[PDB]
Structure formats: structure tokens, C-alpha cells
Amino acid sequence: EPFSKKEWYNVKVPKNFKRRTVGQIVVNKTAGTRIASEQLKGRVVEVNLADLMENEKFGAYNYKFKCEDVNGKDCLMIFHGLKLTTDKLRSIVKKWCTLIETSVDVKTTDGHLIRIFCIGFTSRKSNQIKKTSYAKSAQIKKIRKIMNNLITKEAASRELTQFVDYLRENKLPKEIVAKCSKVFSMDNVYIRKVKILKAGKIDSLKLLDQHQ
Amino acid sequence: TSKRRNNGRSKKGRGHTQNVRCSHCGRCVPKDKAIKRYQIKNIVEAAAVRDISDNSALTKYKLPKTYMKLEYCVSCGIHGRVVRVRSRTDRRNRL
Amino acid sequence: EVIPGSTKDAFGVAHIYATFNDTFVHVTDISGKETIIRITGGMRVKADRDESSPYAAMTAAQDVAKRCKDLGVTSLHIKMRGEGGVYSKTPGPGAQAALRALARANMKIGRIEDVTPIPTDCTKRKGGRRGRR
RNA sequence: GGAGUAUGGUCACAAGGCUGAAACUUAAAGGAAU
RNA sequence: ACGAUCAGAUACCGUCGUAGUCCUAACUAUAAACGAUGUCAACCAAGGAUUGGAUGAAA
RNA sequence: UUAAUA
RNA sequence: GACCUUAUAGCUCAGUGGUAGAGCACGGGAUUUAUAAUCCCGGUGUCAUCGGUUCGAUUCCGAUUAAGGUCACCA
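Chains as they are written, first to last, in the deposited numbering: chain se, 24 to 235; chain sB, 2 to 96; chain sp, 13 to 145.
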């Protein structure tokens with residue numbers, strides 16, 4: 024029997040999310056020089072955002088967590104990244120409009136270094152008659168510099184945990200559209216991916232603060 | 002001689018365009034000359050949509066679609082019935 | 013009594029990778045590093061031309077379903093995928109049959125996703141300038 | 001047609017490039033359309 | 001170089017694979033190098049649309 | 001899948 | 001000259017103490033407008049020539065022919 028040696032552990036995400044348990048992860052039972060709590064130290068769990076918040080207005084976002092310790096059959100997760108769902112990313116790429124992409128490397132207040140990717144699209148207008156809506160090379164650079172600077176101010180001022188919860192609120196995409204609209208007509212602004220280039224230092228007490 | 006005024010391409014004010022690969026043959030065709038078609042379909046066929054919706058663990062989850070752009074060479078566009086051979090006077094219609 | 017290692021109602025994820033020459037039904041845990049049962053379309057056929065048949069897909073899918081219920085996994089997340097490296101990104105015919113088979117085996121389905129790897133930019137494709145002939 | 005071939009000249013590490021015939025042979029070769 | 005197909009297959013199909021494909025320096029100087037349409041200049045029937053400006057109106 | 005010639 | 005080996009259908013080969021198999025070739029029939037290819041069937045071997053062991057030799061043992069391979073050196 025293959026599963027006779029297998030154990031199931033409960034998965035716990037930080038308190039930032041409405042749902043605290045997301046599922047169960049499997050690991051073999053301990054052996055001579057193989058401790059399961061030692062083996063469950065680099066497991067990355069990917070879960071949708073429509074599950075951690077229990078609302079389906081968050082459905083087009085996938086969140087990833089890594090395990091930092093096994094606290095008695097519980098794997099205490101920390102935020103590892105976020106990425107747009109594949110269907111959503113390809114559903115917002117219209118043909119006759121200009122695509123604006125950017126990426127910023129921001130160091131958070133608590134020490135984490137992350138990379139944030141932003142996407143945007145020149146839009147039509149209410150009274151627009153011509154089919155195409157393109158932007159000159161000057162307007163693209165103006166828009167990119169705005170969304171590059173604006174996303175840095177909102178991300179560098181706050182810690183990683185509170186910045187992620189900020190991303191759930193649509194303030195940043197709404198503010199970018201309301202500040203790039205004086206240069207060109209933008210409609211779709213999304214943060215397609217957030218990485219973690221350098222993992223900042225963490226403490227058990229800080230992790231305990233992160234978990235209840 | 003010239004069967005088409007535009008020579009079957011879409012290139013007017015330039016001398017060279019990059020290549021793309023036929024989605025069926027793997028042939029190299031220029032970007033303008035390639036037959037470009039877009040496809041937007043659900044990831045579940047019309048028969049199985051009912052079956053998935055019956056036993057689901059989510060409240061009202063909406064089935065996503067798949068989006069991909071297919072590019073065909075002339076030989077594999079005609080053979081695959083993507084495009085047909087038209088009349089001499091009906092070739093000019095661009096709609 | 014209970015099968016060793018099994019638990020109560022849990023969640024799994026199915027990696028249905030169906031090409032035009034075979035089909036894979038592979039379920040793992042939420043982490044994805046532990047596989048529960050992996051059955052391919054070639055284990056339920058004799059000749060090599062039927063591994064892509066839709067019949068082999070449901071036969072493999074049902075075997076996956078029966079094992080998972082006996083092991084406690086009752087609901088699945090679907091990750092549909094085809095050989096989309098540089099080749100055709102359209103999943104093979106057996107992809108839909110396997111997914112429908114899992115549904116008809118009384119298995120709750122969560123989120124369905126297409127994870128065919130679309131290159132941001134590609135290496136050279138097999139075949140040459142003039143391609144398959 | 002022979003033929004961008006032979007020879008002569010020149011360039012190139014080389015493949016080759018530039019210039020470039022004649023003998024002989026033949027009532028057609030060819031272009032657009034029905 | 002193998003394996004198929006075929007009457008044969010040194011090919012089309014499949015697997016492996018050297019030079020090459022990539023960068024630097026120097027040669028080579030040829031393409032259905034095509035708009036098969038030399039360069040400059042004047043006159044020249046009706047349109048609708050588009051790219052970059054200038055100039056009025058409409059925020 | 002294979003299909004040469006008068 | 002001395003050693004070693006071989007000889008089987010019309011051509012290349014297998015196998016060989018109680019009935020010699022493969023192709024290619026050939027004949028007839030079928031498909032085709034006709035040929036080629038394709039399908040069906042059939043006919044083919046003095047097992048190189050003589051002796052002996054042989055129950056019985058094409059096989060085993062000698063001989064006569066042909067056919068090849070190697071050696072034929074120091075002076």
C-alpha cells in the first residue's frame with residue numbers, strides 16, 4: 024500500500040483573509056533521518072482569491088503561499104505571490120488599442136523586496152467614431168512614468184502584509200485610471216503579477232503576529 | 002499575370018516583415034501574408050456544461066473561456082477550409 | 013475500516029494533459045508535490061493509435077475517480093492543458109471526455125483553468141521553413 | 001537556342017563576382033485573353 | 001546514421017545528429033534585392049477613410 | 001496510406 | 001607444389017540417416033483501356049561424378065573433377 028505512510032496536515036493562511044483553512048497537504052510519515060515537519064518547509068500552495076475572501080468578485084486572482092513551520096499538524100503559511108488567472112489576462116487584450124506594460128522593483132517598509140507588474144489599455148470614448156485608438160510614443164512614456172511612480176508611492180510606504188490587502192481594494196487601479204486620464208483614455212488597469220525577489224527577514228513572533 | 006493587386010499581402014509602405022509559424026504546417030509565412038483567425042471558446046463543450054454545473058463545489062462560478070490567435074499558411078488555410086477559392090469578380094470583396 | 017492515509021472530505025487538483033498522441037489524468041494535493049493517482053490513456057488500451065481515443069480518457073478518468081473517493085478526495089480543481097510549447101495549443105480530443113467522466117463519477121468540481129504554456133517568446137519550431145508535408 | 005558558356009582581363013583566402021563572344025542549329029519561341 | 005512507405009526511395013513521414021544557426025573583428029557583393037514599373041519637373045475626373053503637423057469651432 | 005507509363 | 005574450404009531449381013542461397021525449404025525467375029487466371037506494380041494458383045531440384053559404411057546416403061568415409069583462400073623464405 025502506497026498511502027500507508029502518508030499524513031495529512033492542515034493548511035493555515037494568515038489572518039488577513041476571511042477563510043483561514045484552505046485545504047490539506049500530504050506528506051510521508053517520519054523516518055530515520057526524515058522529519059515531516061522538516062520536509063514541509065518549501066511547499067508552495069496556490070489558491071484562488073475567491074476562496075480566501077469567500078466572495079466571487081475576487082475570482083480572477085490566484086494567490087500562492089509557502090510554509091514556514093509546522094505548528095502541530097498545521098502549516099503556517101506566508102504570502103508568496105499573486106498572479107492573474109490565465110483566462111482573465113487573455114480576456115482583456117483588445118485588438119485596436121495600445122497595450123501599456125510596466126514593472127517596478129520596490130522595497131517595502133518592513134524589508135521585503137518585491138516586483139510588481141502593471142498592465143493597461145488605451146480605451147475608446149463615448150463619442151469616438153474612428154475604429155482605432157492608438158497613442159503616440161510620447162504619450163506611452165508619459166503614462167508608463169505615471170503608473171511607475173504612482174505604484175511605487177503606494178507600495179513603498181506600507182509593509183508587505185498591508186500592501187497586499189490594499190491590492191484587494193480597487194483604489195490603486197482606480198487612481199491610476201483617474202491620473203492617466205489627463206494624458207489618454209484608459210479603461211482596464213490590472214496588476215497582473217507580484218513577485219518576491221528577495222525574502223526579507225522574519226521572526227517567529229512576527230509570524231505569530233501574522234497568524235492570530 | 003498579377004492575380005491580385007496587393008500580391009496577396011498586406012504590406013504597403015515597408016520592405017520586410019517578421020515571420021510567423023503556421024499553426025498546422027509549421028511553415029514560415031510573413032506576418033502580413035498569414036491568414037489570421039481568432040478563436041474564443043469555452044473550456045467545456047456544450048454537452049458537458051450541464052454535467053459540470055450539476056455537481057460543483059462553488060456557489061455560482063462562471064465557466065471561463067479560452068482565447069488564442071491562429072495563423073495559417075495559404076496552403077493550410079485552403080485545405081483546412083478556413084478560406085475558399087472565390088470567383089474572379091468576387092475576389093475583390095473585402096468584407 | 014478506513015483506508016490507511018485517507019481522510020474526510022478534502023480537495024484535490026487534476027492535471028488533465030491531453031495531447032493528440034496520448035492523454036494524462038493526474039491528481040495531486042493542493043501543494044502539487046504529492047500525487048494521489050496518475051492514470052494515462054495508454055494504460056487502458058492495447059494498440060498505440062487508441063491512446064488518444066475519448067473512450068480511453070473516460071476509462072482512465074473513472075479509475076482516477078474511484079481511487080480518490082476511497083482515499084478521501086471528493087472534490088477536484090481542473091487544470092486543462094495541451095502541448096502548447098511552440099506547437100498547437102488546442103487540447104486533444106480526450107481532454108473533454110476525461111473531464112466529463114470525472115463529473116459523471118459524482119465528483120465536485122471547483123475552478124476550471126487552462127494552463128497550456130503559452131510562450132512569451134519561442135525557440136525555433138520543428139519542421140523547417142516549409143513545415144510538415 | 002548555343003549561353004552568361006569558351007577565351008582574354010580584373011577583383012576574392014575559396015566558392016565565386018564584374019566584363020563577355022563565336023562556330024553551329026532552328027520557323028518559330030513567347031505575352032494577354034475566349 | 002537509423003525506422004517506415006514504395007516495385008525501388010539515396011525523398012516526402014518519424015528519431016538522433018556534425019557544419020551552421022548566436023556575438024565580436026575581417027571578407028564575400030549575390031536574391032522573384034519586385035511596385036518585375038529609373039531619377040527630377042508641370043497639368044490632371046468624383047469620393048470616403050487613415051498617419052504627423054498648422055489653423056477656427058465645439059470642454 | 002499507396003496511384004508509375006502510353 | 002603443399003595445406004584449408006565449397007559444389008543443391010533457370011540465378012543467388014538454406015537445410016540437411018526415413019518426405020530438400022527460401023526468394024528471384026517461369027506458366028496460367030484475376031484487376032487495368034493496355035503495360036508495370038498487385039492478388040490467386042501451379043510447375044520446378046540427377047543435392048558436382050564414382051566407389052564403401054550403409055536397414056536406408058543428397059548428408060557419413062575415401063576417390064576423380066571443377067571453384068576459390070593461404071604459403072612458397074635465408075642464401
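Since the hints were derived computationally from the structure, they do not count as laboratory data. Where is the CB? At the ideal position from N, CA and C, for every residue including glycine. Hints are supplied without guarantee of correctness; some may be wrong.
[Claimed, not checked] Between beta-carbon pairs, the in silico distance windows are:
#1 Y67/sp with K37/sB: 45 to 55 Å
#2 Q19/sB with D128/se: 46 to 56 Å
#3 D226/se with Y67/sp: 38 to 48 Å
#4 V75/sB with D210/se: 34 to 44 Å
[As the list claims (entries may be wrong)] Restricting the straight-line Cα-Cα distance to at most 30 Å, the calculated cross-link-like pairs of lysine-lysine (DSSO-like) are:
#5 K20/sp with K118/se
#6 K118/se with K197/se
#7 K96/se with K35/se
#8 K52/se with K28/se
#9 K130/se with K148/se
#10 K41/se with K81/sp
#11 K96/se with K136/sp
#12 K118/se with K37/sB
#13 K45/sp with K37/sB
#14 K45/sp with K38/se
#15 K136/sp with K106/se
#16 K216/se with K63/sB
#17 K64/se with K20/sp
* **Structure versus earlier hints - violations, ascending order** => 1, 2, 3, 5, 9, 11, 13
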